[PDB]
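For reference, the chain that follows is the form deposited without this ligand, supplied as structure tokens.
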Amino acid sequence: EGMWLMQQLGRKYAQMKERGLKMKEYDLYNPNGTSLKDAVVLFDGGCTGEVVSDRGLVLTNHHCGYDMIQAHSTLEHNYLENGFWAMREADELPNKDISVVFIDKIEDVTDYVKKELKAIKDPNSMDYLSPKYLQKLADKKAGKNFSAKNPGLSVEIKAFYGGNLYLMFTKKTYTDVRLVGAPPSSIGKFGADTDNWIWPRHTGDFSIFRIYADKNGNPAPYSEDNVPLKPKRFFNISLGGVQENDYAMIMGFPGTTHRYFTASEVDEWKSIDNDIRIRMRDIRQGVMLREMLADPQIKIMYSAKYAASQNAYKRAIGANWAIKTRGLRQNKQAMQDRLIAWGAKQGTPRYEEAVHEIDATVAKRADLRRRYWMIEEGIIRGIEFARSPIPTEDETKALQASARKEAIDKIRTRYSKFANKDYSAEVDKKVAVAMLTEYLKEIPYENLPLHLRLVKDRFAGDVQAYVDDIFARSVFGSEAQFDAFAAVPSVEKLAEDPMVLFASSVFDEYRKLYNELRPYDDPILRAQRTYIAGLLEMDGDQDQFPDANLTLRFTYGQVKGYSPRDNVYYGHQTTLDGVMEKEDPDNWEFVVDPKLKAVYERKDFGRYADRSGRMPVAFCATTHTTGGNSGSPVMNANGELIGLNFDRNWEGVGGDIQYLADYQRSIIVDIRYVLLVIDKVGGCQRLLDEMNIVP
């Protein structure tokens, strides 16, 4: 059910032992010694990874290492397409701007932070949540020259439970992390967008890296003299596999949850955030799909844009399904009513006052938040010409020194980036006509961005004519129109340009709405500190975890499928047979790698197949995970690596607000499938040899 702090392992240990955990408490997490926690890393600031060899080999997802694989890919050596397999350590590819963070130490500094906070003077100060203020406290506690006296180490204090608990983390960061291996994208991203958030899943979502360090294992930036890190702890790989009901646990860095939302915040999330994103993206995607299906060149240009829009669209659909069917609003209402009743009995009215402040703040910001989401989904991300060039103050104070050419070259560069090889003005006009029609129906005249008032005042309500006029008269409407402007440029032409006025007006309104809404966050945050303090005083910090905040957490559960709907059951494990069932040679997402197809046909599964002779691919578990847990190690009851978390099903996206025992599942790539791909597809035997594989 939760994403527990490492400090909470002691309190949870007996429940974990009753669920199947076999390893000793301090072998998993030891606050003053080496433990399994020391083999977990925050991979590239947003993913999880794990050390799997005494030579610093690291496993993470394919979608986590995607940028590094793509940056090393060329037409001659397309690693993104065919995979990459370094046959020697010297062949492993260095990566610019990469990092791996180890959580060396974790310490509770709540009393220290609360004592420092007592010197505030302003009772409504937000320093208790300020990264700048908390970093000043972290530096004071660790010492002035801490990073100089302890090379590779840094300190950081984070707030938890809305500012009721503070932890200081001592982090060891390595920046020389080299690409070692990756399967082809046909394995690493098999389902591609069709199978995103989907269980059953047949994706071998993994990639392999290696941490490099100086001669003493200390962090060092990229250098040809760097040597593989000999870590103090690494995961043993299990080949025993998984069975239904087996204990499974994960360690990783979940990003964000909203477990302490009020019922009014659940209503706001559904009726504003989700409904607007769903409505606007459905319109945008609908026009885009029509144009992509009618022109093969439009499909090539808009495929990535369509896919990027669909990602949070599907998340919003899954979240709204949970709000509608799993009683999320009702459960938050019952939670706050229980605290209010308990507060009335104890004679402390501040908990009811805190819930009231949140409700009043949510109700007060409703129209502004609706206007913000409408402009953001409808125009800022919905219409491409909203991000068309806007002349700067320096560029206008150049067109009217001979830096007129410099001002024109800078504007030309931004025009070329806007109207790039993937931009279609005809597709954009069609999308804008549909998006603006919906926007103008939802936003009244007095709340419109100034330029949009011209739809009613100048074009008699004709959205098509307003959009046609923007492109017909704008210097950014076509290449020939920009070149005519660049030959005879004047600031009068730019100041009255219809596209410049549209872009400026919609961005002005977007910023103004952001500025008016920003002050509403603080009273909610301050009231949440009181609300969560009451919940912890009432029911204790035993069965209620702190919201995820990109810090190291553990979660446990079982390998278990679920019933998505009446008479339908999805089991706990998928097989290579399921990959072959989905193969479509003419559908780019479902092409199957010929080497993988041959391994399946010959049943060349070696020691990786299950007891039945079937080759496992992925499994699902009742662990509680979210974004940030991609690449997390999945452990056995013995702490051995059995898989890597890579996704969660759409039915469980509502799990960020309320964990859903009967629907929410972590989607995990089976470690047996990872080794089958390294061995039979990559032929990289040296990686298998350096891992400690247990029978």
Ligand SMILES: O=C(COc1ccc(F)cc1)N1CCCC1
Given for the second form:
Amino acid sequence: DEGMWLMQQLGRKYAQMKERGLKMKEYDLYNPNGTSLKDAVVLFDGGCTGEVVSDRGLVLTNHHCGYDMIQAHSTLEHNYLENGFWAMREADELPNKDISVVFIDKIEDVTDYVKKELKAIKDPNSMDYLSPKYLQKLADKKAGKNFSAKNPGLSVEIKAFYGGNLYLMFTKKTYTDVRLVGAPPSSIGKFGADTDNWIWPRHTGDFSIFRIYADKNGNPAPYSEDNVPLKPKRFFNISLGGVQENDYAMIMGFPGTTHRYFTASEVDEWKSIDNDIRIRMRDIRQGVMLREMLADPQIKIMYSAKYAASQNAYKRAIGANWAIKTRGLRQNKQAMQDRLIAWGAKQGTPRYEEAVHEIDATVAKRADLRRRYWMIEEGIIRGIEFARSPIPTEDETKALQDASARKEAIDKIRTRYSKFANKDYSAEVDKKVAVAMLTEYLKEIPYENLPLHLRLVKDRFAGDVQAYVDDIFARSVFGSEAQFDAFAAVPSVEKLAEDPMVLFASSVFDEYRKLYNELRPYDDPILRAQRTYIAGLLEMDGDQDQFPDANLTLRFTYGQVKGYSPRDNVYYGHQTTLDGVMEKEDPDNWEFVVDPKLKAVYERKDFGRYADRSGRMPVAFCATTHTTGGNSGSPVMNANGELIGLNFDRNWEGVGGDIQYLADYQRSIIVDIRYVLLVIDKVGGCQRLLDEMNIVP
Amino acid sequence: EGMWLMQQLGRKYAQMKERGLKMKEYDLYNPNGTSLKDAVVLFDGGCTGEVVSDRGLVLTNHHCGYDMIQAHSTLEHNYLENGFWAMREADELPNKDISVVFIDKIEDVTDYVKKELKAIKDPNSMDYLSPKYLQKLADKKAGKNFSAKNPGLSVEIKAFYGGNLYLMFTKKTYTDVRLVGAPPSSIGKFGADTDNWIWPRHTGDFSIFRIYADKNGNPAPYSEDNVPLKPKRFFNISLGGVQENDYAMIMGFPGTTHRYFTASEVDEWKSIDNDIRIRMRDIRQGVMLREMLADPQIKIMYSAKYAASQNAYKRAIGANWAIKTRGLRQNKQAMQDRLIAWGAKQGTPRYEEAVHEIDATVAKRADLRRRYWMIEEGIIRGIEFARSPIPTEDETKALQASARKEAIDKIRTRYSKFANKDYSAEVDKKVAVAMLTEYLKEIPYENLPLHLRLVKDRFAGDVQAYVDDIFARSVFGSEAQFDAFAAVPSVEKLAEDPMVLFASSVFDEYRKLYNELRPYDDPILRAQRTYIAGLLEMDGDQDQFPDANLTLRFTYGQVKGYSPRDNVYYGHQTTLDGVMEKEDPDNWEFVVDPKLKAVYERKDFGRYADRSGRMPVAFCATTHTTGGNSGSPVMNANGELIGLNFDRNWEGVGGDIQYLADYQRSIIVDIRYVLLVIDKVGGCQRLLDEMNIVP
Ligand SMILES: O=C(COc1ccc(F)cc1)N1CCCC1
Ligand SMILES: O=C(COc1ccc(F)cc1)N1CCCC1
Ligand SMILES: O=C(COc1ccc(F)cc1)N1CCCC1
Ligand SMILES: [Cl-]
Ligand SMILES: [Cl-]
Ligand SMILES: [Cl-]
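What does the same protein look like in the form solved in complex with this ligand, given that the last one was the form deposited without this ligand?
Let us now look at the entire complex, which starts with that chain.
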């Protein structure tokens, strides 16, 4: 609903944005033929957003966005992940291998061009209209003969929007020498850690600092000791005016995916298959894992990351199912499609109703297969560690059946066994997880639909899942180190072919691939019908109050700094303070440890010009902007386009917002720029970064 | 802020009127006439109640009338789960061992008691706080035939302000109090233990009783000839509801507070009482919950024991949060330093000497008190086999006449009560191994109960082996082991039984510590009499209330929410919409009564919903309440009933030592929700009709 707008849509939205508080001129925010604020936004490392905040190429993004780079430069002598990092001179800034920043140099509507090229249709069912290979061939044809050679650092890309009803060509400028400049300690950068993931109120200082480097002329160049900081076209001014409740706020960034044009049948499928299976299976997996972690401190160390990784999409699915149950998402999709069908009936065009019917029929037809796919994926592929145990390759089996190539096969199988049964793998914990996961899987999936090896639970083990799992480990070459070494000393292909763990792993992966291959053909009729469906919605209600689905391209969103009521008699305000960090401090809980320098700043009220009018130190705020994954690190702007914060999360109540925006619950969780500048200043003591920024009173 | 004596109403009236009170002083409390105070009762010795009709109808909490609802519940008519609604007065159920106490008269007898005390001689006598001594004075003042000359009436004298003020209460007690109505437990206890001490709250915590009496309205025990009481005063029910900042007041019987604790007593309360209870109960509850989650039969057997352990555990967590964050220790220290500076200026050193005596006594009893709480939390309440059978002297002097069978039948009865339908020896062994490992780490060998010395001496430090051996060799270790003993009982078998020796040994140490600690209470009590006398002489009997002591008090404040933490606000009122948000059909605590769910769906709120069409459930107020105030009437600026107090938020449990204006709230069930449940859930129109409901 309140959307993720194309840069092209700024003109038609500008008057509403101005009426909601926007004060800057339209072309100062986005101008297709000149420098604008859009030129200070970057796609940071392929999946995050960033922003240029100085005339020397300084870039701000989230701490969780720059996390891998902070970790790659961290050692026992200089643990930057734990203590932070503050380069005191430009020469001290650390280079990063495999990093990139993408500027969106130009954006152009190429719809008529693509649609004319598509008219050369050798099959009306062709999926070339959505093919990256096909669209790249059109982008190259339009850009010219050797565009990348004649314009180094530039590249061209065409993307489909609105289900193939609109196409845009992006001219991108990519820089690959992006150095680490500064980062707060993890105690600030990820204060809530996993406990506060998707949570508002939030007290996390989620930021990190980088710098784009380039050749002498400001052109992209790979890492070189001769590289000089980039003088950019445009950079954000930092505001110290802060935020007030109801203030206008806007974001530019790269939201990844949404499903705003789902039919009511796709919402039901998302709930009853995708979300219910993921919720049920992960709750079983996590329940066994947590009991083992709480009983053995060594198991807690080995399984903490696996547990946290499983919980992230589990929490998302819980938040999504809450919106489906309470916010009428299914009903609003049904009303949307009924309105189009009634309009099509009045216009004498039945193709829109036929398109919704095709989507419904495809959803209803793939139901059993999709249920079986999610059941095996959540239950076994993700749920059971020994599902990803070593499977001897075709060439490994061939090698073991008269040359020195036998020792090569054993060394390769050993390397994979050592990665599977690593320092964090417990066979006992895995057997307990598998017994609970398989009991549920065997209750849901009938004998005729089971992976071939799982048929042995009924046929050979008289229904005893525990005995079947015990037997896999007791007899398998991968059941223990001593069992592998005995095999490695005298390896036979016939031992591997009958190995209970190899057979289980092969069998479950075979069933997983068979289901994937059977389900793949159902995607195309839905995609083709969505092109007709979205064309109708656009022709009926216009390319105005319905935004194109997110597709990792540059979008803008606007709203207000506003809290919300999560439940009866509870209100969460629009702004958190440093006081809230101190309330959450728990010295013996690694997630809620408070940095001693920050604790002292709070005690002494050493807030400088960064505190609010009441002398309180702001930390984070929330806004009615419409964001999703991909928007991490996005610049948050004032009514004047000045930087007031960085987007870093969204509350769980708004995760259903990828299908239907939730005005009374959905909020972008943003780190206040005053808190960012406080941490750089009083925690990092990196005055040179403050000095190179243009800070407005 | 306080829990004021009825006598202090005159002194507080102007401030109450400035805060919004509209009723005349003597209409609320009149020392020589009828007033609203006459409609308040002490319900069943530990709760408050209120008369709401000219036919003796009484409202109190559901958790206050819980035992009576349960005593009348059968498999055929389960009133606890289904609710109860007597459709005629003759259908109201009598209750054995129930009482309602009216506070007929209250008088200051300070000079009388202080003159009588002057005859003591021993300056360290504790008669000034002795219920037996004070009752002898109460009887002497009332007369040598008071209860016979004034039927239903009794007198009682209590100490206040540490023995600096005394009041005599004339009480009228009724023992025929019948069950009239109760909502189902899904309404009466909606939050169940999850929402205990929690605001926001969505629980309709009420039950309905009726006082019966003889033909003249005089107290009489249960009789089929008893007629409902026509009281001299009852509350009018308001349907005007509440708004944020509205004046609210409560009358009730708060039990205990510790408003005059020294800073050393706050430290002791934190570092001994609360930390030990928190640490020990967390170990006990952790083992119990693991076992309950792994075996559904263990969950059935241990649910009540788990819930009972959690209640004071949650209280201690809330209390320690206030000590850590609200500066309770610091404010007591400032209070005592101010008195000491004032006593230095006046030339009277006795106040500083009194605070010093309290500090020295606290410091001296520290190790013993730590040992007492450690054994009490760790073993006496932590381990079930600590309360296993110990053969009496009469029982041993029977097994060494044919009364050997009677001794075995008595020991068997106690064994059967210990190892009952809810007792698991396996769960108990696991709880004991974890509890004893912690206890053995905290209590040194020389301070251990004698049998626990065997962990180091006989079992090479293996707690698991020591516990396994207790059950493997004890006659109370299993039914088969008891039966083998019962067939061939010898006193030598009992005298060497590892479970009997453990149980005896831990109870001996528990009694020895109790007896060693008891003498330390008296110097603190005597010094508190001097300490509070100084505080009263210095800052007056005006902004410092006497500690609660289960006597009638009033408190006033406003209907107001609060901010529990940064960027979070809890408003002053919950709604029926909040009950529906919490509904979880497969969680017994959050099941919603189908009749109530239908009322919400159809918006069948009648005259009970607010101006916006939303149905209120509960509200909170800045009144100062504690345990004993459950069921208390909550009044308007006009003295009309707007709700019943039923709980207080955990953030305010430290309020028994220092009132917390920004966090402490009384959790009250809205009277409009009470009437909506009587009407649309119970269908008991006769109860609505007998109440005086004001628009
Ligand atoms: O308003 C529109 C198109 O709107 C957009 C065109 C390009 C773009 F990048 C974004 C929007 N139309 C109304 C009549 C049919 C076309
Ligand atoms: O309170 C919850 C879930 O709470 C969280 C969900 C996800 C998350 F990341 C954090 C909390 N619910 C009550 C209604 C059904 C869901
Ligand atoms: O949130 C809590 C405790 O919460 C409850 C305590 C008791 C209770 F009955 C219910 C909740 N705390 C945060 C700061 C340390 C204590
Ligand atoms: Cl058509
Ligand atoms: Cl909404
Ligand atoms: Cl009366």
